[PDB]
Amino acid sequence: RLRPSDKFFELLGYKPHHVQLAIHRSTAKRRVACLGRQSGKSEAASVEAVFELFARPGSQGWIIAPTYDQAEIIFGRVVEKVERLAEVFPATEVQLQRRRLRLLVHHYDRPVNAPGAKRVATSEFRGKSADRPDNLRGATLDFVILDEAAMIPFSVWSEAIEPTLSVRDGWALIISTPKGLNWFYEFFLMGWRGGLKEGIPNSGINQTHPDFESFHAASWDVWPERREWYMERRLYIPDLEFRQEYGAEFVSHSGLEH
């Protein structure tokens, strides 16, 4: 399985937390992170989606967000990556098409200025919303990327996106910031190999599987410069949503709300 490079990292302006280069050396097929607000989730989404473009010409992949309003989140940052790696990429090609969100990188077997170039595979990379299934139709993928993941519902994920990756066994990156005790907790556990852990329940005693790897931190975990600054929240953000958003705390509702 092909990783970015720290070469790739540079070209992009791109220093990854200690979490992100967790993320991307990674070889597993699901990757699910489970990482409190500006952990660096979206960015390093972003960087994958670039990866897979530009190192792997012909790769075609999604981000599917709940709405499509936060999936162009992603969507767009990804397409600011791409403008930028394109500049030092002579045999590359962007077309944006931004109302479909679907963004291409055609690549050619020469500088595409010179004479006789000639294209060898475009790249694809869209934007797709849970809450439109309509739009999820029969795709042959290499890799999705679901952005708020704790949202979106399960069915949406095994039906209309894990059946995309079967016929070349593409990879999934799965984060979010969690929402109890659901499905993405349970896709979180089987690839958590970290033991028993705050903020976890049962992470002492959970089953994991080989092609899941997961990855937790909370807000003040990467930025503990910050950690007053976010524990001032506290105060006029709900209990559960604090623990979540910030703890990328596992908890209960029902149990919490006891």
The other form holds:
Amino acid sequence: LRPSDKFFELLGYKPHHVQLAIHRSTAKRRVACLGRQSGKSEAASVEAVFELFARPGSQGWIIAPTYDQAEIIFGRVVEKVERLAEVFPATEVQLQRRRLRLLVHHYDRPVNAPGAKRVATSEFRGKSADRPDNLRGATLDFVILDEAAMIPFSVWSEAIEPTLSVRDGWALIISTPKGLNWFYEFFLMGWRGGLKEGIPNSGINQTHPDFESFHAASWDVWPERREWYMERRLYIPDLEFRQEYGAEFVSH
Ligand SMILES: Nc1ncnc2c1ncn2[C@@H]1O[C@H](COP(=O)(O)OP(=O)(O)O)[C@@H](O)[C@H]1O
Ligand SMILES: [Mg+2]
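Instead of the form deposited without adenosine-5'-diphosphate (ADP) shown above, give the structure for the form deposited with adenosine-5'-diphosphate (ADP) bound, please.
So here's everything in the complex, that chain up top.
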């Protein structure tokens, strides 16, 4: 249910402390409010790869505000899945790049052997919030929301959450913050790190047991870049800096 160090090693993946914390969490609602360059995309892609191989027949989506944004995590899952399939002889990968559809077929024997029968198919799709029409179906075991704070809450409440609750699927909800909107609320439901600047009501907030939240500024992950980030404030508006790098929740 959780990818292991052995699985990371297969992926050529060496997570950072914040990525590792996300991977170790068993919460069905993981909410990561992290600045740019925090490793959000890579960690989410690793989660998807693991599900497709470790849970044959699993179905998941990555949803972003736009298709170009969804292509980022989707494309990384593709590379990893097509490479990793080499060491699982009973799998065969099928890709539809145009439709952002990735299939991992699981067989009853190695694919190169006579008589191989397909037993299960894991499926991973990219989806766009700015195309609600293509949000139909589907029984999901997992979902990734990328730049979630820019996705309308209605996409979550109406088009994603109902299908997840069916199979008791999990959600990884990741974003740089965009003020005090639904992403802030979901973040607080899982925030147990106490009072922290940039997070209103931290320290006094309630939490829900199925929620776990993660927070990191860009310079928490890249301390050697802290001075460069700070020196950009000469030409970057203060709000943009506090949100995109500080990962701060600010009342617009
Ligand atoms: N554990 C890691 N080790 C090395 N590089 C990483 C790791 N995680 C992320 N990256 C790098 O950062 C990018 C992936 O996530 P990214 O988009 O930077 O983080 P965020 O989504 O938080 O902005 C890629 O450039 C990837 O090479
Ligand atoms: Mg990202």
